[PDB]
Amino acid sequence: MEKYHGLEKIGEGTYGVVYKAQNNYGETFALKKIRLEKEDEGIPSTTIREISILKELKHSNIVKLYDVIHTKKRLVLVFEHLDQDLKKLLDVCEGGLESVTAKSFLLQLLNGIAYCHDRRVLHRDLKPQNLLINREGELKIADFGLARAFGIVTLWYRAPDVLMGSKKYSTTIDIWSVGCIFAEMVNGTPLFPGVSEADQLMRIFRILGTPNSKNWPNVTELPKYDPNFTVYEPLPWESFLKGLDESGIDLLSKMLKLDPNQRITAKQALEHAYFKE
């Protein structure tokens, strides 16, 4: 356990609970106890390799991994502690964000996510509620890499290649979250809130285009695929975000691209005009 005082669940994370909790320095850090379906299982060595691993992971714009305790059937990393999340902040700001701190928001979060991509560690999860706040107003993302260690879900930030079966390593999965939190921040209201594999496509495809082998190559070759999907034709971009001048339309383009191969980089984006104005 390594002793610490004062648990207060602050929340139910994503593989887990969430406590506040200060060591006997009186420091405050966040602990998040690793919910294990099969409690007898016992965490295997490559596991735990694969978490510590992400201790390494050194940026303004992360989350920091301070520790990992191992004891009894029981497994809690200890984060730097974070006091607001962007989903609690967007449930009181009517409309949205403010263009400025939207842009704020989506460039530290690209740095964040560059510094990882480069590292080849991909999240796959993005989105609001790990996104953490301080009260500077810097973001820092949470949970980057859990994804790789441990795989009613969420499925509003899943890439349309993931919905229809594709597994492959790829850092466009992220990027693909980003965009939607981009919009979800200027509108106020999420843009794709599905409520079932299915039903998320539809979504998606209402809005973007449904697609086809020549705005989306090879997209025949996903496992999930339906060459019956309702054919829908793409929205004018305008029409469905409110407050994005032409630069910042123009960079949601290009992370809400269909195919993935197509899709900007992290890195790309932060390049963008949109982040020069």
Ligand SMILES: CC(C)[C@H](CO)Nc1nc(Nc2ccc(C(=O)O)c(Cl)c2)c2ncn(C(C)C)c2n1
Second form
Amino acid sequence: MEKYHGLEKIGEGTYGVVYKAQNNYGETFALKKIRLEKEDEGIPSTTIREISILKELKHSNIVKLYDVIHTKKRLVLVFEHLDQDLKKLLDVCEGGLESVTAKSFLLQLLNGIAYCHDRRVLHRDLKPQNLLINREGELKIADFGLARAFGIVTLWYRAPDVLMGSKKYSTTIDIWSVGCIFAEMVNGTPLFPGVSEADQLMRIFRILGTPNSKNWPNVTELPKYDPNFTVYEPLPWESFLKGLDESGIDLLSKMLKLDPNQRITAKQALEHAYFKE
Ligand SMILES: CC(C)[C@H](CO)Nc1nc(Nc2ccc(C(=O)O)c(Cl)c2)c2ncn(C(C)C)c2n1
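In place of the form solved without ligand PVB, output the structure of the form deposited with ligand PVB bound.
After this comes the whole thing, all chains and molecules, with the earlier chain placed first.
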């Protein structure tokens, strides 16, 4: 427990409970105590190695990992502390964020993602709960790389190929989640708040169109593709987006391509005219 005190529970995060604490030097940290489904199983050395490599992620928009504390069927990660998450901010912003704010958060999110992607680190569970925000307006991403170590459930940010059973390593999956978060920041409200896997696909297809072999070649190869999906035409973007100019809609349309091979990358998104304005 590397001598920390004043453990204050922030709440229950994705892989465990998070506490604000101070060290014996009086500096502030966030401690994540990893929840172990099978207490007896123990954490293998390969897992400890996969988490510790994440200390090498040093970027102004990635939450810094300082330490990995492993003692006796107990696993604690020491991170920098941030004061809020984007979910808690969006909860008190009626209608969503001002255009200048959403653009500033999207830029920072894509920068942090570009950095990890260049190192072949995936997130795969991006959501407003893991986009942390300080009082200076700086956005930093939490939990990048942890899905590789660790694998009720929010489906709202999951790409349709993942929902249909794709399992391949791919950077495209995080870009879908960014597009869903972008729309949430401008609309106020989540874009595809599904209640199950089947309903999550339906919410997506109702807005963006049911996929087929012509608009997504090779879609029929996904394990849970269903040749009976209801057929929905795509809606015009202007009709379910608000407070976004032409460039913003354009950028958003590129992140929400159903076919992952046509989806914009993080670095491509950072070059888009939306950010020159
Ligand atoms: C749900 C919890 C566990 C949380 C939000 O994602 N995780 C969570 N919240 C943090 N900060 C706060 C502090 C206070 C509040 C508040 O409620 O006022 C919130 Cl939401 C976040 C935080 N800082 C570093 N980390 C690392 C551990 C990465 C954090 N993880």
